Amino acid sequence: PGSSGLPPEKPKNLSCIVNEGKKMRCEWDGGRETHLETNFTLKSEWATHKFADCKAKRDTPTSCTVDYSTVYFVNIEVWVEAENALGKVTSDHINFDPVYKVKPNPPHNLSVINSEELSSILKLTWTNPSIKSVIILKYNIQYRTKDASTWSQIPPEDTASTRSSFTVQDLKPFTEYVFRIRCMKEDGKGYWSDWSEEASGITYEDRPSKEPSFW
C-alpha cells in the first residue's frame, strides 16, 4: 500500500508447451512488480476460430493452461495481455502448430535383458508414449555402471527415429549397468520428456577370459 503503482510491462518470452495428454500451457515473464495486481489473459485462436481466454490465476500470474483440447496439425495464434489500473499492454504474438510444442511422457516399461549370449552387451526394450502416432520420436539413451558417478550417452544419431529396443555393446563383463531414456519429436522441435525410470541389468561373466586364465 505504501508502494507506488506502475503500468504493466509488456509481457515477454512467451512460450507454450503441450505435455502429452494434458491441455496446452503457456508461460511468460510478467516483468516488474506493479503493486496493482496485474491481470494476465492468454489469448489464442485458430485462423478459423477464437478460443476461450485463459485467465491466469492469483498464485501463478505468469502461467495459464487453456480450456480446450489440443488439436495437432493446426496453427494457433497466441499472445498475452497484461492489465491493471494504470494500463493495458499486449505481448508479441507467436504462431505455431502444437505438434512442435510437445513434451512426451518418458518411455515406460523399460527393462534390461541379456541377449545373444555375449558378456559385452545388454538389450533395452520399452514402450513408447502414445504420442508416437502423432510424432516420430528421437531419443537420448544413457547408461553407466552402478558405481559410476556420471552418465554415458549413446550417440543421438543412432537413436534418432521411433524404436522400442536398443542393444548397448562394448560393455564390461559381469558388471551391473543402470539405464535411462528420454524422447521428443525427431526434428528437435518440442521439449525433451523427463527421464524414464532407471532400469538395471548385469552382463554375463566372460567365459573366454575365465578359460584363457585357467589355461
The other form holds:
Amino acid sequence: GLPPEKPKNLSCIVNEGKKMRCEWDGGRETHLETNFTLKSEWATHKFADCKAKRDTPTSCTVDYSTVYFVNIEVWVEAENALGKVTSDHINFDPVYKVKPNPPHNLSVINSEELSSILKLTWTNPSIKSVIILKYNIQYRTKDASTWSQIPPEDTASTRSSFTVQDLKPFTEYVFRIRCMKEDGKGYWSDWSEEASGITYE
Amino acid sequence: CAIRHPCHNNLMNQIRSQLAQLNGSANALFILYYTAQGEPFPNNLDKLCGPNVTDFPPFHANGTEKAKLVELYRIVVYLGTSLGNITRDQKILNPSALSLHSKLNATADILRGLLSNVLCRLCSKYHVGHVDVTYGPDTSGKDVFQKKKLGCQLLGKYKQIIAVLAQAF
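Now show the form solved in complex with the partner chain, given that the preceding structure was the form solved without the partner chain.
Below is the entire complex, every chain and molecule, led by the chain shown above.
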C-alpha cells in the first residue's frame, strides 16, 4: 500500500438553484481505504466540511446554500493509513461558476410583414437578476442535418428577443438557444426546447 | 477582526452587487409577507406595514465610507436577527407559506454574506478593531397579531432603508 497523492484539477460548479459541487482527480490507486474531504471557507467563516461518498469518491456537493459576491476558499484533503495531504487552494466568487437553467418558452413570429424575417422571443432563467447574460442562437431549415449559429457578438448581453434575418423565403426554421454569464466565466446552460416557424415569400 | 485568509480585493464592488441584490427582491419579500398573512393586512398596508425607524439603527448617507460601512454593519446585524425571529414565527403562524419561508432564508443568506464583506473592508481598510452590537428584541412580547405586525413593519422599513443604502456606496 501507499500514501495518498495530492488531489488536483479541483473545480466547482453551481447549477442555478442548486448547492455548489466540486470535483477533483484523486490520483494513483492507493490500494488502501482513502477518504476525501472538501473544505470551504469565507475569509470570516469556516463552513461545514464535505465528505465524499463511496458512490461518488471524487466529488462533493456542499451543505450550505450558495451566496454570490463573497469569495470562498476551497480545497481537498486526502487521507489514509499512510498519509494525509491537501490539494492546492482555489479562491473564487461563486458567480463565475454558474450553469444557468436554459432559457424557456422560445417562440417564433413573423412580426415584420417581410419574408426574410423571423423574431424569436423567450423567457430568461431567474439568474438574470444576478448576472448579465450571453447567448448562442442556433437555427437550421426544418430538413437539414446540422445547425447554423448566429454570430456570438450579436447576442452578447441580456435580451428576451432577437430577430433573425437574411433567411430564404417560404422556408420553415427550427431554433434553440442557450445562455451563460456575459463574461464567459461559467458554464453554458443546456439548450432550450426547439421552436419552429415559416417565412413569407 | 479575526481572518482565516486574505480578504478579497474587490470588496466595495461586491457589497455594491450585494446591496443591489437585496434592493431588487425586497419588494417581492414584502409583498410575499403581507399576502401570506391575509386579512387584515393586504387592505391596511399603511398602518400595519409602514416603515417605522423604532430603535432601528441609523444611516447617514452623507457620511464617510468608514462611517457608512459601520452603520451598514449594525443594520445588517439588526435585520439579520430580526429576520430570524420573523421566520421562526412565520414557520409556525403560516406553515403553508412555503414560498415565504424560502425567500426569507434566501435574504438571510445574502445578508450574512454582506456582513462578511463589510467586516472585511472595515478590518482590512480601516483596522476598526471591532464593531458594536445592536439586536432586534423579537421576544414573546406580543399576541400573534403584534408579531405579524412587527414583522410586516420591519419588512416595510427594510424595503425603504435598503433602497437608500443601495445607492449610497
